[PDB]
Every structure is written in C-alpha cells, then in structure tokens.
Amino acid sequence: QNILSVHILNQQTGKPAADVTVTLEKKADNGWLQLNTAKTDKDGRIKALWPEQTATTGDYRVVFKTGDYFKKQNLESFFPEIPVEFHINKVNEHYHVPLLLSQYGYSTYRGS
Amino acid sequence: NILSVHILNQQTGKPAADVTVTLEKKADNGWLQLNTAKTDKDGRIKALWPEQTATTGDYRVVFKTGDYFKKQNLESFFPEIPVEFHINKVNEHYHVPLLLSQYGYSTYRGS
Amino acid sequence: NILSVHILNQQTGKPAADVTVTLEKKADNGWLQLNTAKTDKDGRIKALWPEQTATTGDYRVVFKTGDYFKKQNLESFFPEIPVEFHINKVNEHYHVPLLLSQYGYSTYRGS
Amino acid sequence: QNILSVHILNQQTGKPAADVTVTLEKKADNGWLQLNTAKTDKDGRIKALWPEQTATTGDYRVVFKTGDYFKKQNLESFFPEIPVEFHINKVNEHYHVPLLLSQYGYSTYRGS
Ligand SMILES: [Br-]
Ligand SMILES: [Br-]
Ligand SMILES: [Br-]
Ligand SMILES: [Br-]
Ligand SMILES: [Zn+2]
Ligand SMILES: [Zn+2]
Ligand SMILES: [Zn+2]
Ligand SMILES: [Zn+2]
Ligand SMILES: [Zn+2]
Ligand SMILES: [Zn+2]
Ligand SMILES: [Zn+2]
Ligand SMILES: [Zn+2]
Ligand SMILES: [Zn+2]
Ligand SMILES: [Zn+2]
Ligand SMILES: [Zn+2]
Ligand SMILES: [Zn+2]
Ligand SMILES: [Zn+2]
Ligand SMILES: [Zn+2]
Ligand SMILES: [Zn+2]
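Chains as they are written, first to last, in my numbering: chain A, 1 to 112; chain B, 1 to 111; chain C, 1 to 111; chain D, 1 to 112.
Be aware that a few hints might be false.
To be verified - Taking CB as the label site, the calculated pair distances span:
id	chain 1	residue 1	chain 2	residue 2	range
1	C	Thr-36	D	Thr-56	49 to 59 Å
2	B	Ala-37	C	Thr-20	27 to 37 Å
3	A	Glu-52	C	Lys-71	24 to 34 Å
4	D	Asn-30	C	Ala-17	44 to 54 Å
As the list claims (entries may be wrong) - Which bits of chain C does chain A cover? Going by a derived footprint, with three or more residues having C-beta under 8 Å, they are:
id	region
5	11–20
6	98–108
To be verified - In silico DSS-like cross-links for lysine-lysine, where the CA-CA straight-line distance does not exceed 30 Å:
id	chain 1	residue 1	chain 2	residue 2
7	B	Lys-25	C	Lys-46
8	D	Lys-47	B	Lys-25
9	A	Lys-65	C	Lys-14
10	D	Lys-27	A	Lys-71
11	D	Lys-65	A	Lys-90
12	D	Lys-90	B	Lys-14
13	C	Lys-26	A	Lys-15
14	B	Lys-71	A	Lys-15
15	B	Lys-70	A	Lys-71
16	B	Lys-14	A	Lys-71
17	D	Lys-27	A	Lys-39
18	A	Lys-72	D	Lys-90
19	C	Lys-14	A	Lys-39
20	C	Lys-14	A	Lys-15
21	A	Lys-39	A	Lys-65
22	C	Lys-38	B	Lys-25
23	B	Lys-25	C	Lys-71
24	D	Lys-42	C	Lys-70
25	C	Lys-38	B	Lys-14
26	D	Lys-47	B	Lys-46
27	B	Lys-89	D	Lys-15
28	D	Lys-65	A	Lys-47
29	D	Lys-15	A	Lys-42
30	D	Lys-27	C	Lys-14
31	B	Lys-25	C	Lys-70
Source of the hints: derived by calculation from the structure; they are not laboratory data.
Just so it is clear, CB atoms sit at the ideal spot from N, CA and C, and this is done for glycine as well.
Chain A on its own, in the form it takes in the complex:
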C-alpha cells in the first residue's frame, strides 16, 4: 500500500467521483511545492498519490479539483476546489484521505 491514497464519493449520486484532478503539495517556507497531480480512476480512487520519490515528514495539502468536476456536469458548487491539509509525522505509515462530496458540503477524515 502507497503512503498516500485518496478517494471521492459523490453523495448526490452515491457513486464514486471519477476523473477528478487531485494535486499533492508539500509545505515549504511560507508556501507549497507541488509533488504530484493525478486523476481519480473509475472507482473514484487514486490508490497511490505519492510520486516515486521518498516521502519526508512535514505538512502536506491535497487539493481536490471538485469545482471543475461539477462544472463539467453543468452544476454549481460553493467550492472552486477543496484543499485538505494534514501532518505526515510518520513516513512508515499509510495515509488515507477520502472526500465525501456534495455541491455545497463535504466531509474529510483520516481513513484506514
């Protein structure tokens, strides 16, 4: 299992959100360096979001480009995109960050 997985469930259809761009960024100085970008697969997943580069401890941000996702469906959303910031304090462990998504609401958490 990859250090970082993400997935998106669309709570309006009760199905995965497919083909959503998701970026990964590392905090550095007062900003953020992009480490990767990928798109959720047909099951709404990116099982392995970390690039082929050793992960270091630090703070990271995943950005779910959900605004574009909704825009392709002619749907408005309150959020142009959804950033989620989290600590990686242990590079030996698996980090899983699902997104439960609606147009005007969402939930995120550390999964298993």
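Following the hints, complete the assembly by docking chains B, C and D with the ligands onto the known chain A.
Quick look at chains B, C and D with the ligands alone, frame taken from chain A:
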C-alpha cells in the same frame, strides 16, 4: 422550547422546506409518538417538543426525507432518517440538525 | 455477501473495534432482526447479511455506538445510530460506513 | 446579515470551539491576500468576519487554526489547520461557513 431541528440540503446549499419530522419517546417497550411537524421555509422546526415537561431518556426524531426527495423526482438511499438522542438535563436546549444529500447525511448536537 | 459496514472513529482517526451492529428488516410498521455482529479490529463487518437469500425491502443497521463510548467512560449524544436504507436490487453490494464522534456522525452509501 | 460568518462545533464535546483563530483571504492576482483575522467567541462564532472594505466577487478562503486549538488541550489532530475555499458570486448575499470538527475528521458546508 427544548428541541429545535433543521435540515440543510447540501446539494443546493439551501434549507429543505416542508419536510415532515416526527418526535418519539423511548418507552419500556417500543416508542411513543410525542409530536409531528413540518420544516418551515428556512428548513426549521424551532419548537418540536409538545406542551409537556421533558424527562431524561432516549428520544428519536425521524426526518421524512425520502418523501422530500421523491417530490423532487429524486431517488435516495434512505426512506427516512431516524436520529436517536439522549436527553440528560431536562431544561437544556437540544438542537438536532440534518445536513442532507441523496446518498449521505450528517447530524450532530447543534448550538 | 451483499452488506458490509465499517466505523471510523473521527476522534482517533482509527477504526472503532468490537462495536455491535444489528441488521433488521422492515415488516408491518415494525422491524425484524436478521443478524447481529461485531466490527473486527479494522472496524469492519465484511459480511453482515445472514446466510439466507436477500430480498427487496427496507432495512436498518443499528450501530451500538453509545455502548462503545460508555465502555470508554465517554458520553454520547446518541445511545445508538440507526441507518435505514432501500434494497431494490438483491444482487448488488451495499456498503454503509459510519464516521463517528461522540456528538456527531455521518453515514452514506459507500463503494 | 453579514457577508461572512463562520462558526465551529467540537463534535467530541458537542459544544462550540472557542478562542479559535480564523483568517480570511482573497485569491488576488499576486497570490492569496489576507483580509482579516479573528477569534471565535465563547459560542464558537465569528458573526462578522469581513473587514471594513467593500466585497467583490471572487474566490476566498477561511483558515480555521484548529491544530493550535487541539494543541492547547494536549490533543493531536490530523490537520495543522483547516482551509476552506469558496466562491462569492453575489456580493449582496450572506455566506456562512460552519465547521464540524473532530481531531481526525471534519465537515463543512454553506449554511444559511
Ligand atoms: Br483510495
Ligand atoms: Br432550528
Ligand atoms: Br467494510
Ligand atoms: Br457565526
Ligand atoms: Zn480509499
Ligand atoms: Zn505537521
Ligand atoms: Zn487506505
Ligand atoms: Zn491502510
Ligand atoms: Zn437549527
Ligand atoms: Zn439515554
Ligand atoms: Zn438551536
Ligand atoms: Zn442551543
Ligand atoms: Zn467498509
Ligand atoms: Zn425501500
Ligand atoms: Zn463495500
Ligand atoms: Zn461495494
Ligand atoms: Zn454560525
Ligand atoms: Zn469563483
Ligand atoms: Zn448564517
């Protein structure tokens, strides 16, 4: 009044209006219905408790959200959404919001 | 097996283990118990349907989370958390996760 | 009713999260631009978070400094902070962004 509920449709970011919500008390066997009402235009029922003092114990509100979506020609995972909660202090304000989507929801103790 | 559930404790970011979960079917305004089990160390019940053929209908899983918290001397707003859902298609997989805190939760149809 | 209100509910206590720093930023051309900073009162609320300048349409973000909030209680959290990004498409509307907060999970939405 010791019990308020509201429903926010997370798909529209607007209140769910005219949704039937029931209130029940847990009895020794089964439940007893205390009240029924409908959310107003702001998705609220400000005063869901009937005109009777509350006692400590378990209660259940049931948001009839399947009907609400059906009127929109929309399918939902849930026929309805029961929320069971515990009243421990009887003169305290209890607030049970529902953040609703067709295939997902959240509830909590509100302010 | 057509029904899985899991519970994630949003306060620890870890699964909720050894939580009792019942499954019931709706019948005549009541509910018939069909099975009961305990989430494993991963907070999962992979196969909650009993070993009889599934039928269409409405069903209710009840996560005994008030008991889960009480074991840890933690109070909860909710003595248990019922989730009601349609089964329209008997051949498909139904997955009902619970994101759990003492005074709030979320549930949805998972993948 | 104010262009921007936020509040926080601690889902672990079922009570408001108090004295939590919240910043407001606009997505300006030169990067994100701080507009205001403020603290939830005892009720976990900031009922007017907009500064004393006219609002324009555009993208904005509030950052709830919840990592600090938990750190004061000797509690760990997955998130150092929680940014929430959103569109203001109509300046004469009221935007309300609640946060339902747990150590390893949160929800947010456009409230009323
Ligand atoms: Br995944
Ligand atoms: Br209300
Ligand atoms: Br499972
Ligand atoms: Br507020
Ligand atoms: Zn996943
Ligand atoms: Zn960190
Ligand atoms: Zn995982
Ligand atoms: Zn894992
Ligand atoms: Zn309310
Ligand atoms: Zn009770
Ligand atoms: Zn209230
Ligand atoms: Zn209150
Ligand atoms: Zn599961
Ligand atoms: Zn049904
Ligand atoms: Zn499943
Ligand atoms: Zn499945
Ligand atoms: Zn508020
Ligand atoms: Zn915008
Ligand atoms: Zn408001």
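List, from low to high, the hint numbers that the structure doesn't satisfy. 3, 7, 8, 25, 29, 30
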